[PDB]
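There are 4 protein chains.
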Amino acid sequence: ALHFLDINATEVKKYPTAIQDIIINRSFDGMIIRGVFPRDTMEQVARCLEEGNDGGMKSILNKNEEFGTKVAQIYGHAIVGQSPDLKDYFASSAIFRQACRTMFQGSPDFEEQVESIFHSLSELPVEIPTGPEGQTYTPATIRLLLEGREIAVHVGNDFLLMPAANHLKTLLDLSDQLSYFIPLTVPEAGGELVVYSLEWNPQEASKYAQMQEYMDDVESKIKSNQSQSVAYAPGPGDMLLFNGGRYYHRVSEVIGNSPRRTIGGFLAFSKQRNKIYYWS
Amino acid sequence: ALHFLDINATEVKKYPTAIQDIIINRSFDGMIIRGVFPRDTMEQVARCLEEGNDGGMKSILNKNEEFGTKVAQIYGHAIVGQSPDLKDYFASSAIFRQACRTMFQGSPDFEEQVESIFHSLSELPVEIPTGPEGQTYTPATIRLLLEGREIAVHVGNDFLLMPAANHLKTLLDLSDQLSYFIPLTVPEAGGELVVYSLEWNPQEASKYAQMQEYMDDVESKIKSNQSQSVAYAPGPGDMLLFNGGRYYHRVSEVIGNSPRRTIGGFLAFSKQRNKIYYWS
Amino acid sequence: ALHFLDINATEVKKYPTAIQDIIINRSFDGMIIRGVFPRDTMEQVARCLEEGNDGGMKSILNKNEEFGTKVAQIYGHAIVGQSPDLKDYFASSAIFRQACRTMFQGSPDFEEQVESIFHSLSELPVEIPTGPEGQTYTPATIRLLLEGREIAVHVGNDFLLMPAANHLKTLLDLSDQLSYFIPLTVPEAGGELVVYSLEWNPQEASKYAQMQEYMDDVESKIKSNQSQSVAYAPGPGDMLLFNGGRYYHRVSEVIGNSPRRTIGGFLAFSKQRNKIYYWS
Amino acid sequence: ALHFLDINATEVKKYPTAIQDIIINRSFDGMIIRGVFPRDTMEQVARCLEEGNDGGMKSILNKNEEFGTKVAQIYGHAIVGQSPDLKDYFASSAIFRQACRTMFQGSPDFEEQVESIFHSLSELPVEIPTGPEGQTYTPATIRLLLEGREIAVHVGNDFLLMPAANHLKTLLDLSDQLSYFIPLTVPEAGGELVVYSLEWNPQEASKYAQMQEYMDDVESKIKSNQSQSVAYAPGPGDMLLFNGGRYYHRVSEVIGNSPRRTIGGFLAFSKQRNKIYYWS
Ligand SMILES: O=C(O)CCC(=O)C(=O)O
Ligand SMILES: O=C(O)CCC(=O)C(=O)O
Ligand SMILES: O=C(O)CCC(=O)C(=O)O
Ligand SMILES: O=C(O)CCC(=O)C(=O)O
Ligand SMILES: [Fe+3]
Ligand SMILES: [Fe+3]
Ligand SMILES: [Fe+3]
Ligand SMILES: [Fe+3]
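Line by line, the protein sequences give chains H, R, C and E. Numbering follows full-length UniProt numbering, in which position 272 of the first sequence is assigned residue number 282; successive positions increment by one, without gaps. Numbering follows full-length UniProt numbering, in which position 47 of the second sequence is assigned residue number 57; successive positions increment by one, without gaps. Numbering follows full-length UniProt numbering, in which position 69 of the third sequence is assigned residue number 79; successive positions increment by one, without gaps. Numbering follows full-length UniProt numbering, in which position 213 of the fourth sequence is assigned residue number 223; successive positions increment by one, without gaps.
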């Protein structure tokens with residue numbers, strides 16, 4: 011995958027076509043924007059969580075008990091895997107927006123930082139979606155991978171077929187959706203983003219029990235031997251931004267004591283490609 | 011290879027046994043210390059070079075058109091591969107030290123920063139080697155990889171068999187030597203450190219033309235269907251520290267316009283293992 | 011010339027107006043400061059050179075066989091007669107500053123010593139010029155006159171019309187510049203500083219091919235019966251400091267085996283006469 | 011005059027024939043031995059005088075004029091121009107020896123230093139003459155030139171025709187006598203030794219009233235135009251040693267406030283050239 015930019019956050023202005031290029035033109039596949047947040051910012055935010063001085067965010071922590079101890083714990087309600095009503099999603103999302111502003115102590119505030127990055131890369135306005143009759147979506151979600159845990163293979167564009175999506179399908183240009191995330195703490199080893207070469211293909215994916223078996227099965231029947239995969243491990247405060255709507259991806263198993271705290275969501279164009287919408 | 015720590019530079023204090031461990035105990039193979047330098051420092055240093063406002067360092071740049079256009083250009087003379095006199099090495103090394111101190115505007119000074127990091131990791135004293143007749147070795151070297159170029163496969167401990175080494179072998183405990191480097195600028199793609207599992211020794215290394223096709227053997231050497239490799243790409247200000255004395259390694263071909271500027275050298279114990287020596 | 015003080019370096023404090031006096035008021039013409047350096051220091055420094063234990067200085071020795079065996083060899087690059095770039099000047103100056111500190115083993119360090127003398131004589135601060143893009147100028151230069159050789163007539167203030175001067179002219183008050191030098195070894199005979207009574211006169215000097223013929227030609231057309239000259243021969247560690255910017259001068263042919271080794275440079279005021287600048 | 015050595019006191023050992031050479035072979039004319047005494051010693055000795063903490067030497071100071079303000083004040087009796095009895099000479103000579111040993115505080119003792127120097131230069135024993143009836147001669151004499159004063163022209167070898175000499179003529183090999191002196195303090199300008207090229211010539215000297223009009227008168231009658239003279243100015247602790255017995259010589263008029271304090275005497279071979287005698 012030509013998932014390549016590894017850009018200094020500073021020179022982000024040099025790519026005012028970058029989002030349009032990944033989604034629509036598909037000329038490249040993702041970016042690594044280095045230093046979107048100060049490593050200091052990330053360590054104090056990551057410390058708030060670890061103790062409890064967190065603007066009230068322990069109160070939306072959804073350790074995912076009965077999915078086994080092999081998928082990620084997660085602060086705030088992730089819109090993926092929600093009842094199509096969105097009762098509790100719109101609810102936790104307000105808590106998240108507030109508890110987050112607190113923790114970042116405006117040095118620099120999470121939401122505005124991310125917005126200017128997305129702004130500079132698209133040159134369109136950036137908004138978090140307003141719900142049907144005024145609720146707020148959440149701009150992002152903090153994922154917690156404890157040692158041993160991992161996030162399994164999945165694709166962005168399956169969300170377009172999910173009933174919870176039904177509101178946003180009315181707001182969004184139904185292009186590819188992008189993923190983005192910024193690490194608060196990194197693990198000692200592993201726990202790296204792995205993007206597969208293979209594109210969005212629901213028809214053939216569904217015929218497998220667990221979707222990793224689809225990735226494996228492909229990697230046998232394709233035996234050229236380039237590699238089908240490419241893996242990154244962005245450090246604290248480095249943003250990773252990519253066409254996760256299109257490409258199958260995952261996170262490696264976390265090695266060693268220290269967990270992988272990591273905040274982010276998704277990102278896409280809107281109906282008539284005017285605003286840039288970013289949610290989770 | 012358990013080339014694994016990915017530590018935040020801040021908590022470098024928690025590992026005061028770390029260097030002895032990589033070299034002497036071989037209990038693990040390397041570290042990535044995140045944020046040894048402020049991203050801000052790294053880009054202004056990189057701007058100084060790129061412009062010319064460089065404390066006079068342009069006068070020791072060695073573009074190596076002597077070797078075809080696939081090896082790195084390099085500021086200051088790297089001690090590896092010099093006539094045993096070290097005349098032109100000791101000279102350029104004096105220029106390096108001043109121009110380098112200059113460029114960092116003591117915010118924070120290169121020699122001082124790196125020294126405290128190596129200190130915290132050993133709790134031994136850290137010194138730059140003084141030459142036979144009072145000269146100075148250079149503490150490091152700025153390597154410049156232009157688009158298309160690369161660094162070929164090699165091992166640190168071959169230096170121990172080299173003529174230019176003859177001085178230091180009197181100064182060093184002849185254990186493993188470590189490599190270390192800090193990226194000033196990162197490329198768009200590629201140009202990543204790849205460390206191979208294959209260890210240092212003198213025998214069948216001698217039997218070739220030379221050495222990337224020692225990563226001939228390397229792969230149909232092994233396999234079950236292992237990894238002979240591990241690959242890293244540290245961002246601006248992130249230090250990479252590893253037992254490159256022991257394991258064969260290289261740097262990927264740099265892809266894309268912007269070049270891979272990178273400052274660093276090597277690192278080892280001293281005759282009766284008290285102070286820690288670091289040079290380039 | 012009232013080139014007269016022959017002061018014991020000790021009582022140098024008694025003349026805190028001295029530099030302002032020679033340069034600006036021109037109330038007297040120069041000093042001989044006896045014992046700025048220990049005779050022990052001068053013999054051990056000169057022995058480091060003579061052998062090779064020189065902190066790496068042999069590598070900036072510029073024998074000038076390109077000019078006939080009529081002018082002096084010289085360690086380090088003298089700023090006079092340089093391309094206006096100062097690329098190789100600034101480079102050697104870095105080397106010089108290092109090898110010099112080394113050789114003096116801080117007993118007492120060259121730069122520190124010299125600075126305190128210049129300090130006491132002006133009561134202004136003393137600095138070595140930092141260059142346009144962060145380089146260092148050389149605080150001094152070691153001159154080597156072998157037996158038979160000599161230094162030809164010249165004036166300090168021509169440097170003001172030289173293109174290599176273009177940087178410092180922005181830094182200096184464009185007063186007269188003074189010379190200073192301290193003998194490491196003295197020759198058996200000859201090799202003495204000869205300062206002529208004649209003042210700086212570029213227009214009329216330029217009409218001569220060899221500038222000595224200007225000194226001769228004047229000394230015929232003037233014949234009163236005083237003397238036009240005054241000549242000195244300071245022993246090891248004796249500093250000679252005088253207005254060589256204003257007056258024509260030279261060094262006699264060296265007689266006898268032992269060469270005339272001598273370290274020194276020039277000395278001047280700064281733009282708005284605060285700081286004292288000294289270089290070579 | 012080949013009055014040339016300007017040797018470092020250290021390497022005085024390299025010339026074990028030098029005294030025999032100046033006196034007997036007349037192969038050269040004199041030496042300047044740099045650093046016989048520490049500048050530190052010289053100024054603390056000079057401070058003792060200037061104050062009064064002088065081991066009692068004020069009691070042999072002969073402010074001298076009886077003779078017009080033409081010649082120098084002088085501590086102790088100089089043997090030249092004495093009653094042939096030597097009663098008052100031998101008496102002041104005892105005083106001088108004690109106050110002098112005193113003032114030097116054995117750091118290094120005057121007699122002992124000078125003796126080792128004369129020793130290294132002859133490889134003969136060195137002694138101060140014991141008088142006829144057990145008295146001592148003085149090893150040296152401290153001369154004091156105040157501002158404006160000077161020493162008139164003279165030759166060493168007239169002393170041989172003087173009645174005050176009659177004793178030593180039984181002691182000395184009647185070769186040439188050398189003069190020697192070491193400055194304790196130097197004046198601001200002038201007050202330098204001038205040795206003329208002209209040799210010892212009593213018959214023709216005696217015909218002039220003032221011995222300078224013999225020097226002027228000669229320098230007119232064979233007007234070629236090299237120079238007939240040579241002039242020296244040794245700093246504190248530098249010894250000047252030369253065949254002043256043979257050549258007419260003098261001291262410049264002292265310029266400026268600070269006087270020219272200076273200790274020294276003469277030096278010659280002994281009857282059957284074994285021992286080296288030195289007195290004043
Ligand atoms: O590592 C994360 O925070 C999530 C990775 C992922 O699957 C995504 O890009 O949404
Ligand atoms: O990245 C660099 O600066 C050179 C890499 C290398 O060969 C080393 O670390 O020893
Ligand atoms: O003797 C020297 O070192 C140089 C003399 C000279 O020309 C100067 O005073 O600058
Ligand atoms: O400076 C002196 O001590 C006197 C010089 C002199 O005439 C002598 O050497 O005897
Ligand atoms: Fe995802
Ligand atoms: Fe290497
Ligand atoms: Fe000069
Ligand atoms: Fe005399």
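Note that these hints are calculated values from the structure, not bench results. Among the clues, some could well be false.
Since the list gives no way to pick out one identical chain from another, each pair is judged satisfied if it fits inside one copy or across any two copies.
Below, computed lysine to any residue pairings styled on SDA-like, alpha-carbon distance capped at 20 Å [as the list claims (entries may be wrong)]:
| id | residue 1 | residue 2 |
| --- | --- | --- |
| 1 | 281 | 157 |
| 2 | 24 | 267 |
| 3 | 281 | 235 |
| 4 | 68 | 141 |
| 5 | 233 | 25 |
| 6 | 23 | 200 |
| 7 | 80 | 102 |
So, going through the hints one by one against the coordinates:
no.	hint	in the structure
1	281 x 157	neither (41 Å within a copy, 40 Å between copies)
2	24 x 267	between (39 Å within a copy, 13 Å between copies)
3	281 x 235	neither (40 Å within a copy, 47 Å between copies)
4	68 x 141	between (24 Å within a copy, 14 Å between copies)
5	233 x 25	neither (35 Å within a copy, 43 Å between copies)
6	23 x 200	neither (32 Å within a copy, 22 Å between copies)
7	80 x 102	neither (23 Å within a copy, 31 Å between copies)
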